[PDB]
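Let the hints inform the model, and build the full structure from the sequences given.
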Amino acid sequence: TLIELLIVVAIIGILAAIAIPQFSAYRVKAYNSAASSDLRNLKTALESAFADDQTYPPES
Amino acid sequence: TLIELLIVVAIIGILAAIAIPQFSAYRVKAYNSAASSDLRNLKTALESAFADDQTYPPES
Amino acid sequence: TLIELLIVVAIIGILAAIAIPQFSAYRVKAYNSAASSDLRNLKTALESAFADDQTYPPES
Amino acid sequence: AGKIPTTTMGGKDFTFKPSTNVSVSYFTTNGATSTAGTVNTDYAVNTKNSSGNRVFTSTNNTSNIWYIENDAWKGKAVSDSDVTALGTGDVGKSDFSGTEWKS
Amino acid sequence: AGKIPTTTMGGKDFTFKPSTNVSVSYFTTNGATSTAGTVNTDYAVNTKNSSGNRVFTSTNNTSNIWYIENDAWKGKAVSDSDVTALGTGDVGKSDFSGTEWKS
Amino acid sequence: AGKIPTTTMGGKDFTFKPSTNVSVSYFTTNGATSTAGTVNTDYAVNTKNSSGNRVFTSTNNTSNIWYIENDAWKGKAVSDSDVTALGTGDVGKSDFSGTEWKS
Amino acid sequence: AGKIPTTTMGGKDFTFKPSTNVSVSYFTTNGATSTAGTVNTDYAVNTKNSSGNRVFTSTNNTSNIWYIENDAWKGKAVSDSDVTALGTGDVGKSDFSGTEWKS
Amino acid sequence: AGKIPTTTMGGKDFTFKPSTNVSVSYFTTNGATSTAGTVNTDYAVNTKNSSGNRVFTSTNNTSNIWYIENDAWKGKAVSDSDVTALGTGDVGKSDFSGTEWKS
Amino acid sequence: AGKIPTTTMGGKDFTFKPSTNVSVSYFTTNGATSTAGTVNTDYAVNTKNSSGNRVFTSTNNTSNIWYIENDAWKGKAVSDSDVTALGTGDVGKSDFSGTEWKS
Amino acid sequence: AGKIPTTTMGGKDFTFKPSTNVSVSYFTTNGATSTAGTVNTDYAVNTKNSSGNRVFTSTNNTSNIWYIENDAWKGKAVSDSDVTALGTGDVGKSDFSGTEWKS
Numbered sequence: 002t003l004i005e006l007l008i009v010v011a012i013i014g015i016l017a018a019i020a021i022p023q024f025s026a027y028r029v030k031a032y033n034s035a036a037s038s039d040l041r042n043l044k045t046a047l048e049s050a051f052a053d054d055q056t057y058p059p060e061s
Numbered sequence: 002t003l004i005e006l007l008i009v010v011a012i013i014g015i016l017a018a019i020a021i022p023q024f025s026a027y028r029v030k031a032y033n034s035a036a037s038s039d040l041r042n043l044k045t046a047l048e049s050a051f052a053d054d055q056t057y058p059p060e061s
Numbered sequence: 002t003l004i005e006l007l008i009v010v011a012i013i014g015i016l017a018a019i020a021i022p023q024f025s026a027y028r029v030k031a032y033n034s035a036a037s038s039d040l041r042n043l044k045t046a047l048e049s050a051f052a053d054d055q056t057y058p059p060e061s
Numbered sequence: 001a002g003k004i005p006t007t008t009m010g011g012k013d014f015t016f017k018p019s020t021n022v023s024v025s026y027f028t029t030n031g032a033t034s035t036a037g038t039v040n041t042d043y044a045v046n047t048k049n050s051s052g053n054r055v056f057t058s059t060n061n062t063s064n065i066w067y068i069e070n071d072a073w074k075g076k077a078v079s080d081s082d083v084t085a086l087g088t089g090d091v092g093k094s095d096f097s098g099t100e101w102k103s
Numbered sequence: 001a002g003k004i005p006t007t008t009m010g011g012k013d014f015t016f017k018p019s020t021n022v023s024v025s026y027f028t029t030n031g032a033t034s035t036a037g038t039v040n041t042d043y044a045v046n047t048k049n050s051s052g053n054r055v056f057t058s059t060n061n062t063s064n065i066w067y068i069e070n071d072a073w074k075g076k077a078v079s080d081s082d083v084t085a086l087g088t089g090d091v092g093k094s095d096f097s098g099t100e101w102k103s
Numbered sequence: 001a002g003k004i005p006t007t008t009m010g011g012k013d014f015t016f017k018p019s020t021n022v023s024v025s026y027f028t029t030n031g032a033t034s035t036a037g038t039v040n041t042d043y044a045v046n047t048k049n050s051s052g053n054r055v056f057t058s059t060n061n062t063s064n065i066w067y068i069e070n071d072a073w074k075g076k077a078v079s080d081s082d083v084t085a086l087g088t089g090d091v092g093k094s095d096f097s098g099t100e101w102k103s
Numbered sequence: 001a002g003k004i005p006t007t008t009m010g011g012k013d014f015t016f017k018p019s020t021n022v023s024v025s026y027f028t029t030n031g032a033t034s035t036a037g038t039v040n041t042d043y044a045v046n047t048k049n050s051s052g053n054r055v056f057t058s059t060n061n062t063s064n065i066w067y068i069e070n071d072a073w074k075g076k077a078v079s080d081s082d083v084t085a086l087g088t089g090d091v092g093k094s095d096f097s098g099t100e101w102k103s
Numbered sequence: 001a002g003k004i005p006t007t008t009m010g011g012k013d014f015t016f017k018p019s020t021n022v023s024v025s026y027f028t029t030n031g032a033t034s035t036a037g038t039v040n041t042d043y044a045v046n047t048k049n050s051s052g053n054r055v056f057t058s059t060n061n062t063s064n065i066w067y068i069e070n071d072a073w074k075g076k077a078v079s080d081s082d083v084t085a086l087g088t089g090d091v092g093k094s095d096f097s098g099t100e101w102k103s
Numbered sequence: 001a002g003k004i005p006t007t008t009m010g011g012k013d014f015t016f017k018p019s020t021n022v023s024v025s026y027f028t029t030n031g032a033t034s035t036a037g038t039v040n041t042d043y044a045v046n047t048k049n050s051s052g053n054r055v056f057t058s059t060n061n062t063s064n065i066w067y068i069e070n071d072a073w074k075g076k077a078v079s080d081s082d083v084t085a086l087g088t089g090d091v092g093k094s095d096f097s098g099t100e101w102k103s
Numbered sequence: 001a002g003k004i005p006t007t008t009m010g011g012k013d014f015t016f017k018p019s020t021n022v023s024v025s026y027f028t029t030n031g032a033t034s035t036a037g038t039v040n041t042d043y044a045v046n047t048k049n050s051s052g053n054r055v056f057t058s059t060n061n062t063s064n065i066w067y068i069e070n071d072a073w074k075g076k077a078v079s080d081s082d083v084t085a086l087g088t089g090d091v092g093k094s095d096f097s098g099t100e101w102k103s
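Residue numbers (the deposited numbering), protein chains in the order written: chain A, 2 to 61; chain B, 2 to 61; chain C, 2 to 61; chain D, 1 to 103; chain E, 1 to 103; chain F, 1 to 103; chain G, 1 to 103; chain H, 1 to 103; chain I, 1 to 103; chain J, 1 to 103.
There's no promise every hint is true.
As the list claims (entries may be wrong) - Cβ-Cβ distance ranges computed for the label pairs, FRET-style:
| no. | chain 1 | residue 1 | chain 2 | residue 2 | range |
| --- | --- | --- | --- | --- | --- |
| 1 | G | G92 | D | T15 | 51 to 61 Å |
| 2 | I | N70 | G | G37 | 55 to 65 Å |
| 3 | H | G37 | E | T15 | 25 to 35 Å |
As the list claims (entries may be wrong) - To give a feel for the contact side, a few chain D residues facing chain F, derived at Cβ under 8 Å:
| no. | residue |
| --- | --- |
| 4 | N21 |
| 5 | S63 |
| 6 | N64 |
| 7 | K102 |
Hints in this document: simulated from the structure, not taken from any laboratory.
We put the CB at the ideal spot given by N, CA and C, even for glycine.
As structure tokens, this is what we get:
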């Protein structure tokens with residue numbers, strides 16, 4: 002019936018706007034926490050290399 | 002009325018083509034992210050086993 | 002169809018309550034384990050300073 | 001041979017099981033020879049979800065997880081030849097030239 | 001007074017910095033008097049993460065790290081009175097009766 | 001120059017590789033001069049994820065990991081000038097006044 | 001072969017029945033071979049009311065419902081050759097050039 | 001006070017907006033006092049569609065989403081008194097006795 | 001430029017097609033330049049049914065779907081100027097003052 | 001006995017609540033005996049939605065989530081005998097022969 006096809010339309014419009022959130026910060030935090038962990042790891046690498054050669058490794 | 006049954010038909014045709022999307026990539030990414038996590042976990046298992054026996058475990 | 006929009010609603014309600022857990026303890030333990038490690042490190046610093054000067058360093 | 005190890009050389013179980021639908025292939029220096037007097041200094045291991053288009057692999061002396069991502073194979077396991085996995089040999093591979101990449 | 005030392009009596013920096021969000025309180029026999037002729041034979045020191053529910057402390061002549069773990073304070077620093085820290089005095093405390101425990 | 005070292009002075013590989021998508025910049029006293037008779041007493045190193053809004057850095061004689069967190073740059077690498085990284089020189093920097101902070 | 005599936009590979013019924021007077025034709029990669037070890041990655045399916053002048057079809061990797069609307073056939077089923085349906089093969093057809101159209 | 005927060009204490013936007021026709025009410029320990037030195041350890045929040053007969057609420061230290069479902073109010077917002085929402089105070093409410101239920 | 005993207009920067013198809021009779025207009029930071037080294041951090045997109053009196057639009061950093069609903073245009077596409085769509089520029093628009101509304 | 005634990009041995013709440021309509025059954029070595037001097041080295045736990053046809057279970061020394069998926073029971077809880085749950089005893093079960101499967 003036409004009234005049924007007037008409520009189908011009235012629910013499609015509702016379920017098409019459910020305040021979809023932006024997933025931008027929630028991922029840049031992950032990127033940042035990857036970089037920070039990587040740096041804290043690289044520090045271990047550097048300080049072990051010094052304890053090998055009494056010198057931090059040359060660049061490149 | 003016949004005109005009502007000419008608009009019911011004209012809305013059924015509209016709501017039967019709403020550009021239904023393919024849900025193929027959106028799931029293979031999940032499969033891939035499961036396998037990658039599993040491998041990164043297995044690496045921990047292997048490297049703990051070596052720190053037990055000074056050797057990585059034999060195959061099978 | 003209206004029945005399809007009656008099951009979409011019946012699944013949205015289910016997937017909106019999946020017993021979301023509180024992430025409060027699981028982080029305070031991390032904070033505590035940071036502070037404890039820091040203190041155990043500071044003890045090394047203090048006891049090396051004493052072995053330098055026969056005295057623990059003055060405050061501030 | 002070539003599959004996930006079930007027990008380490010110390011007689012303790014390898015005490016790890018794979019996910020519900022992921023194939024795993026594992027290779028080491030001396031294969032399955034649990035002679036209780038050998039030392040496997042290196043490993044090469046790869047995993048892929050049976051329905052996934054990506055195969056993931058890593059080796060002993062390397063960081064990062066290296067993938068290939070060929071859309072071609074989608075219902076294969078890592079046991080299949082046409083997956084270009086890291087088989088027996090080339091177990092260390094501390095460097096990669098032009099085949100697989102994660103950087 | 002009562003805070004982390006920045007320099008030892010020999011004029012060398014105390015050459016240690018705390019974590020990102022941890023409060024630290026430090027006490028010794030003769031306080032901050034860097035008179036270059038005194039000897040601080042003992043220390044009492046405590047630390048707590050600002051968001052943590054545990055305060056950790058140790059003294060000169062004791063092993064182990066002794067905590068309290070009161071859920072009550074959760075946003076305080078060790079400078080606050082209602083943390084039951086080890087203040088000036090009771091600097092050695094080689095034994096503990098019924099207040100704090102790690103064993 | 002200014003990039004992650006690949007080999008230490010002893011001829012052994014620096015035996016560390018960065019994450020999949022992180023830029024790294026590394027500086028030392030005598031640059032890349034592997035003259036086999038020099039001693040690099042200090043280092044200054046910084047990292048940032050290419051898609052991240054934070055650059056992280058640390059130096060030889062300092063604890064903690066010091067960040068900046070400017071929302072402005074989000075698709076840059078640490079090689080870019082407008083990241084305010086710790087370049088050649090200022091390699092020790094045992095103290096920080098008003099530029100970067102982690103405490 | 002070529003008709004509506006009655007049961008999925010998991011042994012559960014396909015649990016769907018057509019309308020009172022509509023013909024349906026269904027095609028997949030490996031036909032009717034319920035070998036319990038195959039994977040049909042794609043499908044091509046078409047429907048038409050026996051008294052209708054339109055045949056409707058869709059495939060796996062495409063949106064929209066693509067019709068033809070030839071007045072000529074009006075009492076045919078999709079099993080008939082002169083309906084220009086999407087038979088076995090051309091199962092994906094992510095694009096359409098000049099035969100059928102819904103846009 | 002009592003409405004959806006627009007900005008977190010770090011100066012970053014709360015970066016979330018409600019649906020087209022839903023009322024939201026939000027309560028915390030220290031209200032709207034963005035004094036840049038306080039810590040809101042708990043929250044209590046409730047939502048209701050203006051045309052809906054159900055009000056939904058949750059708190060910090062609880063799982064599940066707790067509703068009331070009184071047919072009486074159907075054109076009210078959560079700002080109205082006769083909705084029996086979780087106002088200021090009773091912010092944790094880790095347990096519920098006999099008022100609202102989802103189990 | 002300004003139309004629905006057909007392929008993402010990774011070389012994979014944008015793998016989405018519009019409805020039978022809806023016009024779509026899409027804008028991003030760097031237009032159509034698939035230089036394989038750029039990053040489009042934002043998007044602005046709008047859609048309207050050719051026979052509909054409403055144009056719908058959304059942007060990257062916003063929730064909700066924002067409409068205009070002018071009865072005037074009823075047989076136009078979003079390509080037409082007199083639709084007041086969100087063209088190139090104003091791509092983020094995290095806030096709306098007095099032009100379009102969904103709340 | 002046999003139900004979800006409400007408090008751990010340390011006197012802190014088990015601080016977890018189940019979903020709206022899921023039954024949960026939990027078993028351990030020494031049952032409910034909170035004697036403050038025992039150690040439960042293992043657990044066996046299972047869950048099922050009251051309207052669901054699947055019961056899910058896991059144990060201490062096993063990965064993966066093991067199900068049964070019998071269509072027969074559809075309105076039962078895990079407390080019922082005819083669900084073939086993992087009761088008291090068989091708490092470790094590091095291996096499964098022919099009853100339940102997830103691989």
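Notebook entry, point to check: Which numbered conditions among the earlier hints are violated in the structure presented, ordered from lowest to highest?
Noted result: Hints 1, 4 contradicted; others consistent.
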